Structures are given as C-alpha cells and as structure tokens.
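**Student:** Fit chains G, D, F and X to the supplied structure of chain R, relying on the hints for placement.
Listed below, chain by chain, are the residues.
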Amino acid sequence: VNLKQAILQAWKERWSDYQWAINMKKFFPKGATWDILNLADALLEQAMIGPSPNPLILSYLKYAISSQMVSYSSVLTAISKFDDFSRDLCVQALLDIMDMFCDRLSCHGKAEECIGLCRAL
Amino acid sequence: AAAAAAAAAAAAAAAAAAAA
Amino acid sequence: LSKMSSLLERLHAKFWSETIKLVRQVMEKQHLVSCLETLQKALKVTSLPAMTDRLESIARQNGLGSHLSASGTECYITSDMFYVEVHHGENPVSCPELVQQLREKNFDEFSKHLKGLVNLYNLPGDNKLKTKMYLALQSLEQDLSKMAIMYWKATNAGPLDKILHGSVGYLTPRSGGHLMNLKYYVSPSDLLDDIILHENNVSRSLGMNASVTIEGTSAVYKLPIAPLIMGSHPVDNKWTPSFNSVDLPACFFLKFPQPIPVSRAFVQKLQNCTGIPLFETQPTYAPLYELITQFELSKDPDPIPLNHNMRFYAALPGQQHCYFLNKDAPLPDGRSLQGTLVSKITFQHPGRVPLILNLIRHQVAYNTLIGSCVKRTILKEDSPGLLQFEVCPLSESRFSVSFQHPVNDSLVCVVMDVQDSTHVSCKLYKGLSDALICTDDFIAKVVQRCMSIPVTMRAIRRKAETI
Amino acid sequence: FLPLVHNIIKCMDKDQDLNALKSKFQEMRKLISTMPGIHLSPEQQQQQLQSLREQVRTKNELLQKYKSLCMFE
Amino acid sequence: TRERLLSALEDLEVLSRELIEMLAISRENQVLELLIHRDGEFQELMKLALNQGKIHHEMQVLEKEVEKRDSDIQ
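Order-wise, the sequence lines are chains R, G, D, F and X. With our numbering, letter number 83 in the first sequence gets 80, and the count goes up by one each step, no holes. With our numbering, letter number 1 in the second sequence gets 9, and the count goes up by one each step, no holes. With our numbering, letter number 79 in the third sequence gets 81, and the count goes up by one each step, no holes. With our numbering, letter number 33 in the fourth sequence gets 51, and the count goes up by one each step, no holes. With our numbering, letter number 11 in the fifth sequence gets 384, and the count goes up by one each step, no holes.
Just chain R, same shape as in the assembly:
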C-alpha cells in the first residue's frame, strides 16, 4: 500500500533489484513517473537509518537511478534533505550516488523538469 511498506517487504523477503522493480510495478498500476510517489525519498529514509546504509536498499536506489525509473531531480532533492553529517559512511554513500548521475545530468522531458533540475543542482 504505502511505498514504505513495499520497500520494507522488499527488504523482508530478500528481493533482488530487478524483482524489486517488477513487484514495485505490480504494487502500483499508475507509475506517476515514481517521483510523484517520492521513490527517492522513501528509499533514502529507509536506507540511511543505521550508521551504515543497508546495501539492499542502496542497491534498489542505484538500480532506480541507472534504470531511468527515478528522475535525477528527485534524487538530488532527497540527497539535499539529509544533512545529519555525523556519519561519514552515509555521506560517502550519498557521494557515490551523486557520482553515478553527475556529469551526465540530462533531463529529457518538459521544461519544468529542467527547471527542477536547475533548482536541484
């Protein structure tokens, strides 16, 4: 039902990232580009609870960036809302996630998405 419950079921029964993608499609008929539903926010919240991120939900977010499920703008905003900064491991994970899409950073959509990418940068 909620995105938190779907991600958490994906953590409970060990789902590989593509099986997570399929079952995430099946749980939600309207895709809504997954950014209306804030996939990046929920994945970052339930990945960055420990002192170190659990590699499962980070694998889910890295697949959801490398495959184009989630726009770069929602990821950059959800990265921006983290701070805390006392944990170096979560910060290094966020910088590897930024190392994925940065230098590429190419929106192919409406101009409002490009303005959103500007504000997100």
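What the hints contain is simulated information worked out from the structure, not anything from laboratory work. Among the clues, some could well be false.
Taking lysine to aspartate or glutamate and the DMTMM-like style, the derived pairs with C-alpha atoms no more than 25 Å apart in a straight line are [to be verified]: (1) D:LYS46 - F:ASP35; (2) X:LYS441 - F:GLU79; (3) F:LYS40 - X:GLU401; (4) R:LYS9 - D:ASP411; (5) D:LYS46 - X:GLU383; (6) D:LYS107 - X:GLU414; (7) X:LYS427 - F:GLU61; (8) F:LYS32 - D:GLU76; (9) F:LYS48 - X:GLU386; (10) X:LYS420 - F:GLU61; (11) D:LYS5 - X:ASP384; (12) D:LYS43 - F:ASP31; (13) F:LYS32 - D:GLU58; (14) F:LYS32 - D:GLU30; (15) F:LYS28 - X:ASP384; (16) F:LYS40 - X:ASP412; (17) F:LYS28 - D:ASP110; (18) D:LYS377 - D:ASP192; (19) F:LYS40 - X:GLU386.
**Tutor:** Relative to chain R, chains G, D, F and X alone:
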C-alpha cells in the same frame, strides 16, 4: 523443530525477572 | 554364513589330540595371538592377576613398557614417563584421577591418560633436551600458578569472576595426562543448565577452555628453565628478564580443543602481542559468518546438513523469529569479515598469557553474540509473525541488528559493539518520526545478562508493546 | 569358559595338551549342567505356572464355599 | 531349551577347537568374534536355565499343594 529450546526458555525467564 | 561352513568343517573334525601333538612337535621344533588377547581383555573376569593382564594390555596398546614386580606392583616405563600402580624425579602424586578410574571399571580413561602422557614427552629432541624441555614447562606452570594466586591475593573474587575477567583464568593444574586447563570464558547460557551455582567443584568442560603445553616446532626459540617470577609486584606480576634460558627448538602453546574462528584483525593483533607468527603458511581465508555457523552447527552434530543459506529460524515463547546473518556485506575497507580457524596460539614467556587471553576472550564474546542466531529449529515459512531480522558487520567488534519497527513501518537498527568480555554497548537507531521503543541501557542490560540476540530482541518487542 | 582358551593361547605364545583335555572335561561338566530338569521353553513354563495357580485358586474357592455353606440349617 | 543349550555347547566346543587348531598350524578374527558372540549367548542361556530351575522348584511346591487340595475334595 517448532519447539522453544529449553536453554533459551530459561534465559528468557531470567531476562524477564531483570528490571521487574 | 561362513559359520555354517565352519560348523561343517567342525563336523569333519568330529569325523584334535593329533593337533596338540603337532603343536608339541613344533614346540620341539606373534601379533595375531596378542591381538585376540587385546580383544578378549573385555571378557576377562575381575581378579588381581587378570587385572594385571589387562593393564599390561593397556601398556601394549598405547606403546608403553609394562613390568610387574608382583601381582600388586606394576610399572609403566618409558624414557621419562615412569609410574606404578600398587625419570629424573620422584613419583610425585598419588593422583586421585587415575586411582579413581582404576578402582572402578574405567580402563579406557586410563588409556586416554597414558595417551596424554605419551603426547607430553613425544618431543623430537635426543632425550636430554627433552628433560630440559619438560623443565621449561614446569617453570611456566609455576609462574602461571602464581598469577592466579596473585589475583586471589588481589581480590577475593569467586570462580566466575576468575573465569570471566581476571588474569590467567580458572586454572586447573596438571594431573596425570590432563594438561593445565585455563577456562577463559563461560557464556551466560552455558553457565546455566536446564541455574548453576558456581562453587569450586566446577566442571572441566563447563565453558570454553584452553590447554597450555609445550611443543617442538621447526624454528628455535629461547624459553625459561627457571621460575621466572621470584619477585612479585604486590598487585601485578613482574618478571625478571631472560638468562635462565636455552634455545630449545620448541615453543609454548595454547591448544584449544575446538578451534575458534577469528577475524583478520585479530590475527594481526595477536601477532603484535606475541611477536611469533601464528599461521606458518598463510591459510585460506573465509567469511567469518560461515565459520561461526559451522562452529555452532558442529557443536551438536546431525547427519543432515542444515542447508541454511544464511537464513536461520528461531522458535521463541511469545514470538517467532527469522535471521539473515549476511556475510559478504562489505566493511569500510571494501572486504567482508574474513577470518580463519585458530587452534594453537604460540607464546614464548608467560607474561603474554593474560593479554593473549584478553584478546581471545574478546573474540569468543563476539562469536557468542553471533552464535545465538545459528539454530536448527525449522519453523519454515509460517505466516504468523516471523519477524524478519538481519545481522550485518559494520566493523570489527561491531555489528547491527536491523528489524521492522514494532509500531510504525520504518526500519530500526540496533548497533551492538563488544568493548570487553562482559560489556557490550548498544545504540538504538530510529527514524526521526517514530515511536519510543527502549532506552540503550536496557539493551545493554539484557545483552550482558543473556549474551544472546533473540532474547534481547524479544525484550525490545515486549517493552515496545507495553507502551 | 573362554579364559581357559586364553590360557591355551598364552601357552602357545609360551610354547599345553593338559588344559586342552581340561577344556574337554569342562564340556563334560557342561553336559552335567545340561542334566538339571528343565526342557520346555520359558513360555511353556509360564503357561504351566499360570494354569496351576488358577487350579489352586479355584479349588480353595470351592472348599471355602462348602466350608461356608450348610445345606441343613 | 535343552536342545538350544546343547547345540550352543557342541558348536562352542568344536569351533573353539578349530580356532585353537588354526592357531597351532600357523605356529581369523571373524570366527573369533562369532565365538565371542556364542560364549556370551551361552552364558545368557545358562542364566535363563538357573531361573527356570527356580521356576520348576516353585512348580513342585505348587503341585504338592494341588494334590493336597485334591485329597481334601475327594
């Protein structure tokens, strides 16, 4: 199988006693 | 089947005095007979020369030389191991262990003792150094005795504190073939049976042990042949430095009966504390959680391998639990927790043996926390409950148990770090918008009182559900 | 039985006919201990014992009945 | 039970003689172990024989009581 281990059950009782 | 043709050839024999005359003519003219005798010692009736015969059979069995001087007095004799039942020393002790075994019908434990007394003096030297080598062991033993007595001088602590956090340990001196045992640890579960009181008739196997000994190595080391503690700092021990000493081609050992799985950083820490290389050849490293599971599963063996795939189940009173122990989760270095099985730790002089033991105590404590997940109870795929948990190593001496919040839906991760043998600190890690579950000192209390993950997780769940 | 065979083996390791004929005489003693007086299987001994117990019970009960019963007043 | 006792007797006898004789002609662990089994089973049957002797003494006392009650009946 499907049975609480006796040693574990005893440890559970001791833990419950601690902190009332 | 063969007995039928045997009885048929026996009927042919019915159709032996000539055989006895043939044996007599051969008398006028090896292994099999003594082998049949050693099988048939089981069937001998209790009598004094027959028990002498069975003790001679024990001597022939373990490779030792028997000599009777009467039907009372019989000597087991080899190059140093010389004792009677009625070299370079007296017959020291009328030890109640061997006499207690032999007064009953317990001859196999006598055989094990003669095996241990063989394995003490099977050192490779030309026999002269052997005596000196044994002397070095004696010096070591005396020093070790003093240290435990110094701890008993320091505080009048019970045997439990002597085991858990003291110098050396609960120290059983040698007696017959059983070498000197240090009990460095006993878990909160293994202390209890089915609530044991710990008075000084404590069992030899009631815990995790380590037997100290000497053993000939391929290298050469310098070992003391004198009691090295003549002067004692009144609350510590203090060692007068070397040379006396001689360069025996051997070293002292702490042999563990069951080999302990240790991490890589433990290997570097112990080779730093000792100075002597531990793994003479480099061994094949494996993830620690495989070795912890093989240790815990091979405690109580069954012919069916569990085929766990690192997903263990726990059947608990008011809860049902599942665990994913998660090897190959990467550390900050980029590698999994890799470790190997250690069985023999070599040290040169006895002042290292507390520090060494503190290291091993640390390591064994950590294994018990990951040992509590490894179970054989198969409540497979039960729809009710099955609170699905996960264990991951964030670092050496730290780990994390991650699990669903009992009220809300975000994850909650409890990080446990094992500072010392009986001290494990805990931190709850929680989303900023969640329910209060527990305080950290409660988690530390349940951990130090039980030393088991699932009991602490039930304590977390119950103290969450009361609120 | 068997320790005498052990002594014969020990004599063979030492070297005799004496203990062999003593084993034969021991088997003659075994015949004398097959004489006693029991031949049935122990199940048949149990059947006989139970039947004879029931016999003594019913005979004592009949004799007690006629102890107690007076046909006349 | 006498048949089983006597068969165990003669079997033990001449097969132990065979074991002795092959030792003598050498100067066979399987038939050794079977001799061990026969000896143990023979001793167990001798114990059962002493127990059945006790049973037969009880039976003799009991049938004397039988005859006495028969005489009272007659």
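**Student:** Determine for every hint whether it applies to the structure shown.
**Tutor:** Comparing the hints with the structure gives:
1. D:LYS46 - F:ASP35: holds (22 Å)
2. X:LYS441 - F:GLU79: holds (14 Å)
3. F:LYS40 - X:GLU401: Holds, at roughly 24 Å.
4. R:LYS9 - D:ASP411: Measuring from Cα to Cα gives roughly 12 Å; hence the hint holds.
5. D:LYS46 - X:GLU383: Given that 25 Å is the threshold and the Cα spacing comes to 22 Å, the pair holds.
6. D:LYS107 - X:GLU414: holds (22 Å)
7. X:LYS427 - F:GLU61: holds (15 Å)
8. F:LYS32 - D:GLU76: Status holds; Cα separation ~21 Å.
9. F:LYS48 - X:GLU386: holds (10 Å)
10. X:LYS420 - F:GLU61: holds (16 Å)
11. D:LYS5 - X:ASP384: holds (10 Å)
12. D:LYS43 - F:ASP31: holds (16 Å)
13. F:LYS32 - D:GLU58: holds (16 Å)
14. F:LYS32 - D:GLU30: holds (12 Å)
15. F:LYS28 - X:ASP384: holds (23 Å)
16. F:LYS40 - X:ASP412: Judged against 25 Å, a Cα distance of about 18 Å means the pair holds.
17. F:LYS28 - D:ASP110: holds (23 Å)
18. D:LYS377 - D:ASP192: This hinted pair holds, its Cα atoms lying about 15 Å apart.
19. F:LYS40 - X:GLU386: Roughly 12 Å between the alpha carbons, so the hint for F:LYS40 and X:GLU386 holds.
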